[PDB]
Structure formats: structure tokens, C-alpha cells
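First, one chain by itself in C-alpha cells, the form deposited in one PDB entry.
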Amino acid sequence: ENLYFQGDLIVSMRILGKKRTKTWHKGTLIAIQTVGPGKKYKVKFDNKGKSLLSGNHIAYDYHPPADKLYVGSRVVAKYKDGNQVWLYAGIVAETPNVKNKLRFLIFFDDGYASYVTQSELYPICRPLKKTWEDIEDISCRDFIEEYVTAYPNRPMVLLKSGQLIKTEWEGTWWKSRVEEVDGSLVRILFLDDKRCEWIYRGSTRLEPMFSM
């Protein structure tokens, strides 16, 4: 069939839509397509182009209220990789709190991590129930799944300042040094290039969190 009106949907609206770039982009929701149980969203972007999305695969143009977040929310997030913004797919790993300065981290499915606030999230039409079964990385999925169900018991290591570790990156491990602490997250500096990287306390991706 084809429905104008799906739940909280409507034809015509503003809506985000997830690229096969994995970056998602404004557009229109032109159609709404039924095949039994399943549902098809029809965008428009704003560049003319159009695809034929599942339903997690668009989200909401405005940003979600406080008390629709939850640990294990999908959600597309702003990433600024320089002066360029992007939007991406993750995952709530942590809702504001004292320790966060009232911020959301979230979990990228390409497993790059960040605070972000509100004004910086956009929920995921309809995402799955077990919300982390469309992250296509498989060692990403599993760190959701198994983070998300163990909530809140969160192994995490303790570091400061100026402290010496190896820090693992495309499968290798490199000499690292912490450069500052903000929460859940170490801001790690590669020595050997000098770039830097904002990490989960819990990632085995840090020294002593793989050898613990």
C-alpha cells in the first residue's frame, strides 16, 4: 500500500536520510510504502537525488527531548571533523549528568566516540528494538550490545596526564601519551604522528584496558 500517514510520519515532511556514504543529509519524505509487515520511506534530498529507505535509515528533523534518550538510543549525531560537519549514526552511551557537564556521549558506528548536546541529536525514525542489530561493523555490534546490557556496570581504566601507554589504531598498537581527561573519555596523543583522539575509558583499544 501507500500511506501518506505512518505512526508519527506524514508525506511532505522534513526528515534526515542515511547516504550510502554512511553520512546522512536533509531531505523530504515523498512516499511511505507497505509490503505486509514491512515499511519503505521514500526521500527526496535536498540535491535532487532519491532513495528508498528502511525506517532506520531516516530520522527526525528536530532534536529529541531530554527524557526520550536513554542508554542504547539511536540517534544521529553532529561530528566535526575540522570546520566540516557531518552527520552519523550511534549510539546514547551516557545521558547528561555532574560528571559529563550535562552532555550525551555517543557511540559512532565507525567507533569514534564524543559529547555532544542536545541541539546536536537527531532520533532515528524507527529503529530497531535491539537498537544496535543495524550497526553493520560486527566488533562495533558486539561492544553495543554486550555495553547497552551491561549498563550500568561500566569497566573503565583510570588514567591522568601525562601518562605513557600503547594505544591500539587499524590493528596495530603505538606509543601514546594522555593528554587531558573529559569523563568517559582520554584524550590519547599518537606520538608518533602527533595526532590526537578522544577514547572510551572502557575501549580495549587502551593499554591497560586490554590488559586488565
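Numbering follows the first chain given and starts at 1. C-alpha atoms forming the largest set that superposes within 1.5 Å between two forms make up the rigid core. Compared with the form deposited in another entry:
- Only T172, out of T149, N153, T34, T172, shows a C-alpha shift of 2 Å or more between the two forms on alignment of the rigid core.
- Once both forms are overlaid on the rigid core, the distance between the two CA positions of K194 between the two forms is 2 angstroms or more.
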Contents of the next structure:
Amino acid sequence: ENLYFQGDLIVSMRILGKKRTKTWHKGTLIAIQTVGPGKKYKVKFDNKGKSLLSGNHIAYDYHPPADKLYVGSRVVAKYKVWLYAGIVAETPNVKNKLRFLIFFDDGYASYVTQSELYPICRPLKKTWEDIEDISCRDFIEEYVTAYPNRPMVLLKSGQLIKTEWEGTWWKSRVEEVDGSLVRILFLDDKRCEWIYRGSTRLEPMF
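Show the other one: the form deposited in another entry, since we just had the form deposited in one PDB entry.
Just this one chain is shown here; partners and other molecules are left out.
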């Protein structure tokens, strides 16, 4: 059946849609289709294209209030400017300077503000089940379900550690700590990465 209304969605509303590049883009909802118990959403993008999308691949074109976001919430966030999907890992508190921690689907971790987030319209019941990479999906499942139990390593600037990258352990130095993230300098290539302090990639004991 073709619908005009579905929950709080209405044909002709402004929306974000996921493209095949995995980046998200502004568009208009032009149709809502039911296929059995399933639903699909047709989006005409502002520049290029039409797509027929599942409800976990569209997002509202506004910023969610803080009270609607939980650990595990499925969101689209500004990525450094692209829009990319992720999962809320922390909500604002004193220890993170009132920011949201986002774990992006590709494994990137960043603190963002509410103005950098868009809520996904119809997330999966287990929100991590549409993460493509099984290693990434399993980490997120474990993190979200164990929360607020979060084993982390206490690191300090200047500390020498080994950090995993592409299957091997590299000599590295802690440059800076920002809440639950640590900025690691790899000593061989002298390049930095922000890493979650509960990552098994971090080995201070060697």
C-alpha cells in the first residue's frame, strides 16, 4: 500500500537519507510504501537522485533534544563536513564537558554537540544490528549492553605504550586525554589518532 502518514512521518517532509556512498544527504520524503509488514521510504535528494530506503536509513532533519538520546541511540553526526551514521556512546556529563561521544560505523570516535546530531527515524530494536562490519558490530553490542560497566585504561600524557594498528603492535606515546578518548602518537610515522580508552588496541603493560 502507498501511505501518506506513518507514525510521525508525512509525505513531503524534509528528511535526511543515506546514499550508497554511506554519507547522508538532505531530501524530501516523496512516498511511503508497505511491503507486507515491512515499510520503505522514497526520498528525492536535493541534488542528485531518488532512493527507496529502509526506515533505519532515513533521519529527521532536526537536532534531537538531549532527553531523547540514550547510550545506544542511532544517529547521524557531522564527521570531519560529511554526515555519517553512528551510535551514542556517552551523553553529556561533567566529566565529558557536556558533549556526546559518538562511535561512527567505520570505528572513528569523536565528541560532538547536539547541533551536530540528527536522529535516525526508525532504528532497529538492537540499534547496532545495521553496522556492516561484524568486528565493529560486536564491539558496539558489548559496549552498549554492558554500559555503565566500562573498563578503561588510565593513561597520562607522555606515557609510552604499545598501540595496535593493522594487526601489529606499534610503539606510541600518549599525547593528550579528553574524557574517554586518548590522542596517541605512533612513533614510527609521527601521526596521531584519537582512541577510546576502553579499546583493546591499547597496551600500557609490556
